[PDB]
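Quick heads-up: it's one chain on its own, the form solved without adenosine monophosphate (AMP), in structure tokens.
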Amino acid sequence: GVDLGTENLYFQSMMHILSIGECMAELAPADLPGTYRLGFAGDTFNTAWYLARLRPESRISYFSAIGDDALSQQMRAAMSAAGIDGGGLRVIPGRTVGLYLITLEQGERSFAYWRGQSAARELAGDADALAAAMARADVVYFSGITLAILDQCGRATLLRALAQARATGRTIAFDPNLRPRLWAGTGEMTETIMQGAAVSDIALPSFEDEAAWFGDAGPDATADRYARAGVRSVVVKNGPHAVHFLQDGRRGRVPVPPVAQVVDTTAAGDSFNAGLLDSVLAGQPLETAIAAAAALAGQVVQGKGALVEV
């Protein structure tokens, strides 16, 4: 299946990025009326999918938990087909995966979801498995959805594993991705997101999504908030507006070219994150990485669905 390359004690033949979170089954409108196509999505998985297309010579791993039913097996097979390393997936017997259903009526999309009992909510049940997945990753990526789906013990287990990996030299990247409906309380949400910030080197907040919850006056305030948690590189997405960044005390802005013919903004942020991390792994300056990120996101906005072939 997926080529993992080779290694010695010191280096691996492939650059290695691990994404941790929930991959969702997804039913999306098909052509033939009343029908839907089964695919797979979910924020951190979307990011992994874009990364595997940007750098197919690298090792893009996904860590999560799935069930042992047919649908879970289809999910595993889809990861492999997409060039994603799912070797570390954990299997939770008696559970299945989460699901999105997208409906399309007179050209308007809406969605429903079922994920309150998904296997992925157990992804932090085995601390040793988490540590092993991270051990030789160049970058470890996770999101606020990754945090939201876990109970407090699982949140703590994940945060501890990230801190430990960070201390051994793993670069930790975080997409706060606030989704209020996935949290049982507001304070828990904002506090837990900032716990995620405290173990991360790179953070990719969105001003529009976060300002209300934290009281950020503007994107520079958002950046300051993450820097105070120890984040070394903060890259603040703000829709069609210039991307503000803050890195070790230094601010800058990167303009975002206007995007005509908007089709579907789904996964715009996930793909931005992939473009940024791809460029960072390639050793490009932060400003160059941000420009690349915006360029990819614009093409995803112009395309339909979570996984756009750009």
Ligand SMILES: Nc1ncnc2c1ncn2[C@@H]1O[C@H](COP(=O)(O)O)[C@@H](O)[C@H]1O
Contents of the next structure:
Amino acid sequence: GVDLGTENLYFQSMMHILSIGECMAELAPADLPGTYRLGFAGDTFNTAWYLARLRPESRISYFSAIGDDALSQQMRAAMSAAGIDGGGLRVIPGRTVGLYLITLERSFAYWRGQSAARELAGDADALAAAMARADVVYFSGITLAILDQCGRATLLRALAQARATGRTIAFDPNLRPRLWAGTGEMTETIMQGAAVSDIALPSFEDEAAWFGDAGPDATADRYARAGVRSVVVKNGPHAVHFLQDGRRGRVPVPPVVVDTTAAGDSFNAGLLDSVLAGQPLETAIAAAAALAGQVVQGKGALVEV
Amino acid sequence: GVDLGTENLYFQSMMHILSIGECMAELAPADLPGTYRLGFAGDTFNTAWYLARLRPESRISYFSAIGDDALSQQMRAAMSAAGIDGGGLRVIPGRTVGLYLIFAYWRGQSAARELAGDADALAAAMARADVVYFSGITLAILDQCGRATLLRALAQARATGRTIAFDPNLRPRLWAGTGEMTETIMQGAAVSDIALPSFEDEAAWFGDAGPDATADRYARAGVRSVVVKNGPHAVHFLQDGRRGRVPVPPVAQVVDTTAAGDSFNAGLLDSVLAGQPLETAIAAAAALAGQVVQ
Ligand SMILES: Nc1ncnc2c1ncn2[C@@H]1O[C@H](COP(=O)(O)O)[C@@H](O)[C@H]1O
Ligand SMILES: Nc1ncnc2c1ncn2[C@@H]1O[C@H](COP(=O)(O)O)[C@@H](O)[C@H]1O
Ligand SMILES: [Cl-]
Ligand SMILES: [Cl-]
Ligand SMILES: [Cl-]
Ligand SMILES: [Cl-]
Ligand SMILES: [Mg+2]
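Condition change, the form solved without adenosine monophosphate (AMP) to the form solved in complex with adenosine monophosphate (AMP):
Every chain and every other molecule in the complex is listed next, the one we just looked at coming first.
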């Protein structure tokens, strides 16, 4: 149902962004007590969701793996309804998607340890093909976390070769220790992700905790050392710090905070949307923060802004 | 939060049944489309739930393992509301319970898989219980070591006079292989006084010629009372070499057979605990299941 536009050998009618990672079934409190609404979310998927709203004229694709059950079909449908191109989704027979439940104090429970999405880097050829004509390929530290050793290698090799042909690679380290076997493995693998990326979107609070960065500018230096060309350091309610080809700066973030979920994912979409438009980095960061600011004044992961 | 009665050295004021296995979170459709109601279920827990309803005068305990998150605490509270003694539940920090959505399942990493991790805790749960009930699902979710631990505790309990009841409850998807499944089920039979197989599932996997052959297979494993369920057909039984059949009264307006076996099992065990003859207990069990399927 989603319009993929047209193409010739040289150009496509639509700008193309690919997001790679895991989308999950989400059950969140409904109005009637004891009941829950079924939706879909997951960090990289949320970013794609916001992108589709920001640029409905563009092609926003999602690459992942789902099962073959009712719930998987439901997820596939929800993607199309959101204007997201799920044509590349791998189907893994006998399996289902990951799920999480929000209970309400607000708490989360996850069942994603055996999700189909963990097989998303099982087919190297399908990955390359998904990336081949993408203007931007976006992935996260959660994308890396859920894969085994071979899957990580396959994904990183694909991103690196895509990068070399001229795809712009964007990465949100999105540190979630509970998804990794150990902190050593997490930090190492995250920086492997950095080494294939042009744009990195770390969050200072998390980076400081695990890498021992003394401040946001030290966070930026760390990613620049891995070859990242544009580092954008998200910083809670504080100014966003950046570092691009040796040049530094800070972009003020106006004071606005119901729900800091989706903040980072919406920020990323706002940033990538503006970068694709050919806007200078500082302009893109301002747009990213403006979107995130309006989102954190909203209810949920997916806030119709 | 559930009264457990009183005791002296010789007798307890309440008869005591312990069920061992996995309780899961269940999400089922509510009226509002796209919304689901959260409840708790799972084979051995369902049997315990029905048993508690049938005998408010008794102590119905559940032994399992849960997590330490909000959902696990909700499960604990639901058990207590249902009159079930969850005082022996083990808590596995960082883990959560299994879940299913209406059937799609997430149970491969549930805390309940650790329920046989502490041998002393299992033995204490079984002490002074009159009946200990478990299923083939209880066995399926454990690793090899947990299986050995549980079976050894069950056999030791049986050696001390606890009555052991088993429902094979064959579920192929939960096992690594067909062979492992059949061998382990029969190991469960080997520690059980009472077995409650279902002919439809047994026949597909053991090659039983008919319900009497199913009964014979369990009897060779040392089961004293075998009660073979068979959908709407007569229940066959075998007890100490004596065969019999008990009719299942026809039910026309059938609605949901999911809890049929678990409610049958509770009905049977309730009547056995009351000292009713096996044929009487089977009829009581059929009657309850009949109401439940409607
Ligand atoms: N308390 C807040 N006040 C204003 N903006 C925020 C706040 N929290 C998050 N944001 C925005 O969301 C982005 C993501 O921040 P982070 O949560 O550190 O990933 C920030 O860079 C801001 O643009
Ligand atoms: N179609 C049916 N009509 C009447 N009773 C049933 C039916 N299905 C199941 N039951 C009852 O539930 C018990 C267990 O069913 P099953 O475990 O599916 O063989 C039977 O022994 C009957 O007492
Ligand atoms: Cl985490
Ligand atoms: Cl006393
Ligand atoms: Cl099964
Ligand atoms: Cl008898
Ligand atoms: Mg009664």
